[PDB]
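All chains should be modelled from the sequences, with the hints used to inform the complete structure.
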Amino acid sequence: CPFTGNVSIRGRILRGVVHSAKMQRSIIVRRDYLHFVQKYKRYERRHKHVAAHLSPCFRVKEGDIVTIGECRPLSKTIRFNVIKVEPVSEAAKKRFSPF
Amino acid sequence: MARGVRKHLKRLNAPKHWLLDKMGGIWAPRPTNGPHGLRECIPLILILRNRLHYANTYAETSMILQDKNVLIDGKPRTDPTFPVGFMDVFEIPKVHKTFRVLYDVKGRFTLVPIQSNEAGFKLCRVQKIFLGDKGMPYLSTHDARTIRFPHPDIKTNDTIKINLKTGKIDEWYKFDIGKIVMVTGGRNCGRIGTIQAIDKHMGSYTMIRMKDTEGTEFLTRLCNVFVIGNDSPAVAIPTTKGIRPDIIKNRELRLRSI
Amino acid sequence: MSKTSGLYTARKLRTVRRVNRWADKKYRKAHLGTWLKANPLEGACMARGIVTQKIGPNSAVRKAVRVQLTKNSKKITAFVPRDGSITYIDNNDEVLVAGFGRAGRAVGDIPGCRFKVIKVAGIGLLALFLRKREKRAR
Amino acid sequence: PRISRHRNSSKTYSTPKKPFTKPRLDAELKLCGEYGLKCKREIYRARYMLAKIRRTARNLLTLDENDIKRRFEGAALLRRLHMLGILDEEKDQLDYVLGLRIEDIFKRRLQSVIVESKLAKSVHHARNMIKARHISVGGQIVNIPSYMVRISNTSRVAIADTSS
Amino acid sequence: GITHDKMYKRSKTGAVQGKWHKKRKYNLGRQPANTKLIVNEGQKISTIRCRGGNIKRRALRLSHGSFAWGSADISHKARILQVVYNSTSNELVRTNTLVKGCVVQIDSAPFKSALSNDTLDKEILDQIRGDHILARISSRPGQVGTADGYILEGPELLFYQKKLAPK
RNA sequence: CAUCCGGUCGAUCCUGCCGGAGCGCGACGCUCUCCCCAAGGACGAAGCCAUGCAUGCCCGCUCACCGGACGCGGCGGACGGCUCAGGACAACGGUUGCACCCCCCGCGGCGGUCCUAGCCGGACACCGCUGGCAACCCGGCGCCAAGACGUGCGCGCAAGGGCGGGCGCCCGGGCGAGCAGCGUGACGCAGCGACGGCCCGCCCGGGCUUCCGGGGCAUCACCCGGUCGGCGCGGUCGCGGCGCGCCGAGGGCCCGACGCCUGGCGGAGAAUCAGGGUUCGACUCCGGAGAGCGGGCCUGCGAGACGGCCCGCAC
RNA sequence: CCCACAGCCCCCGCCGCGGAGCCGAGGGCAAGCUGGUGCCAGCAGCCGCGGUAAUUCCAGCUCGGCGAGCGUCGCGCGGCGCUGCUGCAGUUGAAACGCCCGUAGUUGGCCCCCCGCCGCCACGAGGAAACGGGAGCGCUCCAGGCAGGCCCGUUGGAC
RNA sequence: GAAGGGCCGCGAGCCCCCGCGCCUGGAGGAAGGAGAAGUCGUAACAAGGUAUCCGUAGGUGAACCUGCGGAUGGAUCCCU
Ligand SMILES: [Mg+2]
Ligand SMILES: [Mg+2]
Ligand SMILES: [Mg+2]
Ligand SMILES: [Mg+2]
Ligand SMILES: [Mg+2]
Ligand SMILES: [Mg+2]
Ligand SMILES: [Mg+2]
Ligand SMILES: [Mg+2]
Ligand SMILES: [Mg+2]
Ligand SMILES: [Mg+2]
Ligand SMILES: [Mg+2]
Ligand SMILES: [Mg+2]
Ligand SMILES: [Mg+2]
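As given, the protein sequences belong to chains A, B, C, D and E, one line each in that order.
Per the numbering used here, residue 1 is the first one in the first sequence, and the count goes up by one each step.
Per the numbering used here, residue 1 is the first one in the second sequence, and the count goes up by one each step.
Per the numbering used here, residue 1 is the first one in the third sequence, and the count goes up by one each step.
Per the numbering used here, residue 1 is the first one in the fourth sequence, and the count goes up by one each step.
Per the numbering used here, residue 1 is the first one in the fifth sequence, and the count goes up by one each step.
A hint or two may mislead.
[Stated by the list, open to error] SDA-like cross-link-like pairs, simulated, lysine to any residue; straight-line CA separation at most 25 Å:
{"hint": "1", "chain 1": "E", "residue 1": "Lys19", "chain 2": "A", "residue 2": "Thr77"}
{"hint": "2", "chain 1": "A", "residue 1": "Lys94", "chain 2": "A", "residue 2": "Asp32"}
{"hint": "3", "chain 1": "B", "residue 1": "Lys165", "chain 2": "B", "residue 2": "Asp67"}
{"hint": "4", "chain 1": "A", "residue 1": "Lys39", "chain 2": "C", "residue 2": "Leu7"}
{"hint": "5", "chain 1": "B", "residue 1": "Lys174", "chain 2": "B", "residue 2": "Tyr138"}
{"hint": "6", "chain 1": "C", "residue 1": "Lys29", "chain 2": "C", "residue 2": "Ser5"}
{"hint": "7", "chain 1": "A", "residue 1": "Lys39", "chain 2": "C", "residue 2": "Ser5"}
{"hint": "8", "chain 1": "E", "residue 1": "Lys12", "chain 2": "A", "residue 2": "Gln24"}
{"hint": "9", "chain 1": "D", "residue 1": "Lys121", "chain 2": "D", "residue 2": "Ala132"}
{"hint": "10", "chain 1": "E", "residue 1": "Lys6", "chain 2": "A", "residue 2": "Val50"}
{"hint": "11", "chain 1": "B", "residue 1": "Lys249", "chain 2": "D", "residue 2": "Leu61"}
{"hint": "12", "chain 1": "D", "residue 1": "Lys52", "chain 2": "B", "residue 2": "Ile247"}
{"hint": "13", "chain 1": "C", "residue 1": "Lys74", "chain 2": "C", "residue 2": "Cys113"}
{"hint": "14", "chain 1": "D", "residue 1": "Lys30", "chain 2": "D", "residue 2": "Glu42"}
{"hint": "15", "chain 1": "B", "residue 1": "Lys16", "chain 2": "D", "residue 2": "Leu61"}
{"hint": "16", "chain 1": "C", "residue 1": "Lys25", "chain 2": "C", "residue 2": "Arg14"}
{"hint": "17", "chain 1": "A", "residue 1": "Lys39", "chain 2": "C", "residue 2": "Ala23"}
{"hint": "18", "chain 1": "E", "residue 1": "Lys12", "chain 2": "A", "residue 2": "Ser55"}
FYI, nobody ran anything at the bench for these hints, they're computed from the structure.
Pasting the structure below:
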């Protein structure tokens, strides 16, 4: 945990939405961005999956918005820890949300 | 991956501001570790052969140096590849030539002839304060120099005056708005101006806004801003007052010179 | 209208072009890989081989030869154009064989011939038909 | 590697996309006759140079008059053209540049200035004299027929002081 | 030899990557020390030449260490009798193998020689009047060649007593 | 630097292909007066190798011979040069971080060491006598040198470990960020020292790491099982399923996973030419990988090195 | 003179070798006279010629193109608006699924005068050169190179 | 502190089995294309001498014929 543990937040701060929360103390965050193709002068919508450690100090469900901070390697695929999370409603048509 | 450090340096890969001819050869001098880094320095041989022209080849420079005919910060140096940096002291008593190494407007090294009144000290930038063994405070400078037991009033980014004979601080100029500075990094190397504003972004760089003497304004990060006095330079500087002309004026000047 | 034109539709355009550009016969023949394997010349300008037999609306019989490529061991026919050059080629003589103007396809009224003979025993056919050089060594 | 690998190099001429075209053949022959040209690579070089000038003029003309790049590049181009003498002194607008032709380029050749000074009986005579080294451009003898003479040296092209 | 380079693993999707270089000397490991409690034979410590000329000492056999009583601020050198609990595995306890986190039994002589005459924690006194005291190992044998630690007290002591009581 | 022409018919207009016309890269044929610049065994054989050469230098140690030999010792040989086999969320390109790291030379500082000091002890080399074997290789005895080896005079000092802050948050040694240092209770005597340097900072370099980009086939649609996470120890310069024990179940996928193929090193760039783009990118500069195939290791700050050693296989 | 030694460029005196080939002549495509052979031999990238004037084969004359270079073979770009984002076609030439529902995906009427966020535009920092563009300099010109002159911006090598 | 030995760790080579990819022999069978001036008939183009074509099913030396339903690209834009 970043508040009660012995790890520090350093580097880049990002935002995303919760994709899965089946793990013990971890989640999967989905990030939306845009890619530009010069030939056709148009964009494409892409997505990536990013894993984070969720401290017991937060209650999170799917579709919530989270802020993650970079830290040292915590595992094979984990380098981020949650620091904030806004709530959302269960009923809400999924919307492509770059952040 | 090379199994060890690098001891060579291709001429085509050398820094642009050294002004080395493409056809001079495949190789170029490799500076050795010392007061200044590779990209913030220039070798002695280049000054002594490609500028002052007192030597025509590597061998002549070797003999001149090993005979102890050059002094650096009051200390004779015999390495042709010894790195020369910023705000250094160059002395050749045989011909009574004293120079301080500064930056021109175009962004290249130059020699500023000086007098005997101010060649006993140099200006250095402080960028690190830390506790050493036993907890005794220290500090470091842009020329790889350490001083023990500094005054608490001195903080980071400041500027320090130290005698060449003795590394004892005489006076320190603070880092504050309204002070003349000299840029030493990037697109604006060599420009002289006064500070106007300071804006900090947490966790990242700090940007400085300065205004030239003629009203021109420009920006840069705090890692390449050097203080040279309080409202007036403490040292003698080149003929021009740190004014970068436009392309039109430079072309006119070239035409006049031709 | 017919084609996609939205501002976020470059992926579909790229995929459509990738799929549809395989319909061209030339692009297929050049980028598919079948021809390169099936071509006895394997993309070479010309080949060195060994002749093994001489044979020959227009009703004129054209003179050619059967050859086996040294590096390939498959059989083909190459046609000797210049007059009087049949006698200049002898059975079991090393030759260098190139192609006609139309890559792959037959050229002219000749059925089942797609190559040319340009050297025998190391002498250019043109240099010999004009009497510049001579084949006294063979 | 050897230092010889860093020596730059490029071609200097172009060939017409349609070779067999009667009017072009006749015009090229006529220009050779009035200028005594050896082969047709010289006309190609001239067209190359003219194309470069025209392209630069176009690019500068698309831009605004008060564009700093426009001022700089146009001033340099005008200075070069005037010093060469290809463009008249009284013209100082980039628009006039587009109306230049290869003939103006030919008129500043060494043979041209030699002949219009009446120093030679003809273009062929001028060329043969140039080969034998009887001419002192400025103060220096030159044996290149295609050497171009600037305005400041046109009054100074003389006979070699060493020639018989 | 032994290594911890990640080229030989799988991707997050469980796919094989493929090897593009031979083994490198930065990514190497070494056989575990397996420090044994003594209970020719004696305190045996070896040394290892590590990267950059550094020296790392690992212990193979030892029997004494420094231990502390934080509440009473008492610290002496004692003998470790045996290991009695280890979360990782029971095999280590049977073999008496020393590692960080192992709960050991020390002798009471150096402590009882000055205790039992001052008001303090009751349980520590009960251990003192006996022949052994529960303690823990805080150092890393195999990296520094020493076995130091501190005496238990509070909820963790209750936890370990409740754990090892039925045995 | 915005170009077209001939061919289906008894004649005509279209669609549509075929062929011509230019540039560059190479190979072949013919021919060739003079000067300048200049590539050159890469093209599914990373196939095989006679012959010769490609890394030495010197400050210390002279009863060697008439000081030059030689050898001990020090520095360097991990740079440079050749190639593109392998490898397709990798490498590589731009952008972050180490509050998870190591670092020779050089520069500047600092320099207090627990319990015969007008200067300690023994060896080996070369070398003399004596010898083995085809060659390569070395043996035995013998006096002698060190800025070599060993011990070591000396003002307490390496590594590690325990205790030492707050009362909703914020408002100096240093930070954006409770990070460094110190005191104190116990362990242990590491390093320097027979002409004094352990130690610290900077520099070059290296290791990993955030974000974005990063070949084709769906006649490959479901894949992974240390694979996904947690706890604990070990090992590592060091973080980490890196390895082990226990627990839970997880992770990726038509925004194309996984599998297969590639006559696949990448980039800066090259060719072509209205504008938009297509194809190539062995090779000059940067980075990566290798030295017949596959593995292992010593020395060293630094190599899993091959003009270093050991093994198996093929020659 | 230069060169580590030699060449070589260039300067100086004496004697003085002047040499063009490769393709083609029906159209595309600029360029025509006799003798042979007779659907044979051969030419021909395509159309085509040759079965007695052969304007196309084999020779002579003549003529045209480029030029110390010319022609042939294979590949890439262009030709090509025959891969079409700019910018193809879909009644009859090749091509609208037999029809409906429908998820991912793509696309979504109008309105609030100033707040926050994403995209967007402009400027700026920072970060390698060579190549490319480009200012100036008469290597005799040039391909090039960063020189060079005297009383040189601090001579210059900007961007 | 040498040789030597034992347990584990790295890991070559050989053997056994399985799978993937690329080539390849084959009696006989069957398709296509080209060549010639072959034999058997006439299915289509005119109402082509039974209007043509589509889907389906069966039969027949061969082209093809017939039945069920559909189209006009027909030989009809026209009749309480
Ligand atoms: Mg002591
Ligand atoms: Mg000693
Ligand atoms: Mg390969
Ligand atoms: Mg390289
Ligand atoms: Mg290697
Ligand atoms: Mg090796
Ligand atoms: Mg070798
Ligand atoms: Mg080597
Ligand atoms: Mg149709
Ligand atoms: Mg009929
Ligand atoms: Mg009928
Ligand atoms: Mg009909
Ligand atoms: Mg039809």
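Quick rundown of the hints versus the structure:
1. For the given pair, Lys19 of chain E sits about 20 Å from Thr77 of chain A by alpha-carbon distance, which is consistent with the 25 Å threshold.
2. As the CA atoms of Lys94 of chain A and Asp32 of chain A are separated by approximately 12 Å, the hinted pair is consistent with the 25 Å bound.
3. Pair hint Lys165 of chain B plus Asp67 of chain B holds up; C-alpha atoms about 22 Å apart against a cutoff of 25 Å.
4. Between the alpha carbons of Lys39 of chain A and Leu7 of chain C the distance comes to roughly 13 Å, so the proposed pair stays at or under 25 Å and holds.
5. The suggested pairing of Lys174 of chain B with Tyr138 of chain B holds, with an alpha-carbon distance near 18 Å, which does not exceed 25 Å.
6. For the proposed pair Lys29 of chain C and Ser5 of chain C, the alpha carbon gap of about 32 Å is over 25 Å, so the pair is violated.
7. Between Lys39 of chain A and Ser5 of chain C the alpha-carbon distance is near 13 Å, which keeps this suggested pair within the 25 Å criterion.
8. For the suggested pair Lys12 of chain E and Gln24 of chain A, the alpha carbons sit about 18 Å apart, so the restraint of at most 25 Å is met.
9. Under the criterion of a C-alpha separation no larger than 25 Å, the hint pairing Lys121 of chain D with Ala132 of chain D is consistent with the structure, at around 15 Å.
10. Of the pairs offered as hints, the one joining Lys6 of chain E and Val50 of chain A holds, with about 20 Å between alpha carbons and a cut-off of 25 Å not exceeded.
11. Proposed proximity of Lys249 of chain B and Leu61 of chain D is supported: the alpha carbons are some 23 Å apart, at most 25 Å.
12. Our distance criterion of 25 Å between C-alpha atoms is met by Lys52 of chain D and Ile247 of chain B, whose separation comes to about 23 Å.
13. Restraint check for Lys74 of chain C and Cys113 of chain C: the C-alpha separation of about 15 Å stays at or below 25 Å, so the hint holds.
14. About 14 Å separates the Cα atoms of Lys30 of chain D and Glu42 of chain D, which keeps this hinted pair within 25 Å; it holds.
15. For the proposed pair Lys16 of chain B and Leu61 of chain D, the alpha carbon gap of about 34 Å is over 25 Å, so the pair is violated.
16. Note on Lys25 of chain C and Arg14 of chain C: the hinted pairing holds, with a Cα-Cα distance of about 20 Å set against a maximum of 25 Å.
17. Between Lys39 of chain A and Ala23 of chain C, the direct Cα distance comes to roughly 22 Å. Compliance with the 25 Å bound is thereby established for this hinted pair.
18. Between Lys12 of chain E and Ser55 of chain A, the direct Cα distance comes to roughly 23 Å. Compliance with the 25 Å bound is thereby established for this hinted pair.
Hints 6, 15 from the list above are not met by this structure, while the remaining hints are.
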